[PDB]
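What follows is one chain in structure tokens, specifically the form deposited without the ligand.
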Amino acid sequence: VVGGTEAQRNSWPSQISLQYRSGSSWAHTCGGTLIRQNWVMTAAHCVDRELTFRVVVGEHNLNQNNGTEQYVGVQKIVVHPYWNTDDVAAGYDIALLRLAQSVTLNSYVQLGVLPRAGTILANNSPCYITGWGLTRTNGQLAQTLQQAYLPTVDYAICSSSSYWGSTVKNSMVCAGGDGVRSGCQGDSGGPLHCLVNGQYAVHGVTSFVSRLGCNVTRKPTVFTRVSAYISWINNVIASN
């Protein structure tokens, strides 16, 4: 997250670290949201390479013991049928991961709340992006969970010529674009948490930033809009 503050150890308990095995080590690649005791939601592009993946829950500092972490293997990946690797701009950037164990829920490990289907956030709705991703463009991953305040930019404005124009679809949410604060490389698959009726719900899955840089004036971070995919998520969980 560029222009972020460090998150409190227990403020975002559905945030997971998606990691893959590199050599003998494991390495963070993406975020995700625990949505069931045995199911994670992440971006489809995060599971495009055929790697061994694990999900870590109760995670705060990647490279120090925290006393909270449960480490569970991935048993099944269900990416969206319509996802296409060569066209992130088409949308559909969402995947569900079935875990090989239900995890123990506790104050560090909780299920993320999903919105209703059809829900559109109004322009400038308050939302937080969370993750361990890069802190500068071409920078370095954060050791500790970071968060940034990222108000929504509605469709009309985000699909306007000077912002993203045609790249953003109605199945996406745009947030940020002030030139200072953004998602960045590493944060993908993770949540955008927005306040609705006094409750935080995960409204976005981090999909992309600009190739010019993570924090660009007039180019907001773009997220898969979870509300468009509610039936799909439930249909997958009822059959796997």
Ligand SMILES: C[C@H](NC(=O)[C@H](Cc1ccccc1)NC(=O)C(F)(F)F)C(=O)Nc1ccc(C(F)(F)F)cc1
Contents of the next structure:
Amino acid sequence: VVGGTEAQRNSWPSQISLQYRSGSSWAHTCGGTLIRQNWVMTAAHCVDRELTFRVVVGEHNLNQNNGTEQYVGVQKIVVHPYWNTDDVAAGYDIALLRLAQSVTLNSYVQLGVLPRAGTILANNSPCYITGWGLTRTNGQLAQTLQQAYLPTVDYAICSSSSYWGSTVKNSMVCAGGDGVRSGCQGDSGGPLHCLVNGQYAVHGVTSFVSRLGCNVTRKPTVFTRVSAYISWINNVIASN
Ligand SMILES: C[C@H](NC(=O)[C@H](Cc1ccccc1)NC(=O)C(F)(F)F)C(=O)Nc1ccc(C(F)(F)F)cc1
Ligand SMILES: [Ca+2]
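Could you present the same protein in the form solved in complex with the ligand, rather than the form deposited without the ligand shown above?
Up next: the whole complex, starting with the chain shown before.
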């Protein structure tokens, strides 16, 4: 997250860190959202490499014991049937991960609340992006969970020529674009939490930013619109 502030330890308890094994250690690569005790929602491009993955729930400082972490292996990966690595601009950047075991819920580990199918937010709706991604374009990962206020930019404005044009689809949410605050590499797969009827719900899975930089004026951060995928999510969990 570029232009973020450090998040309190229990503010966003459905946030997970998706990590892959490198050498002996494990390295953070993407965020995700816990949606069942044994299921995580993330971006399909985070699991395009055939790496050994683990999930960390209750995490706050990547590089330090918080006393609240639970470490679980990824047992099955289900990416969207239509996802195509060579075309993120087509959409379908979503994947569900079955965990090797059920995590224990407590105040640091909670299920994310998903929107109703079909729900579209009005322009400039209040949302926060969270994650441990790069804090500057071409910078480095954050050690502690970051958050940034990233109001929605509706489809009509985001698909206009000065913004993303044809690259953004209606299966996506755009948020930000002020040149200051944005998601950045390592935030992918994570939540866009939006306040709807006094409740934060996860309306976006972080997908992409401009080739030109993370915080680029009129290039909002782009998210997979979770409410476009509610029937697919439920059909996957129901069968696995
Ligand atoms: C450097 C920048 N990286 C990104 O946008 C990558 C995630 C990504 C990359 C490729 C595919 C899907 C998702 N993510 C990030 O930096 C994020 F965490 F903010 F999301 C980038 O290249 N973005 C980008 C790439 C291609 C397109 C195209 F789809 F229009 F072709 C649009 C934006
Ligand atoms: Ca830690």
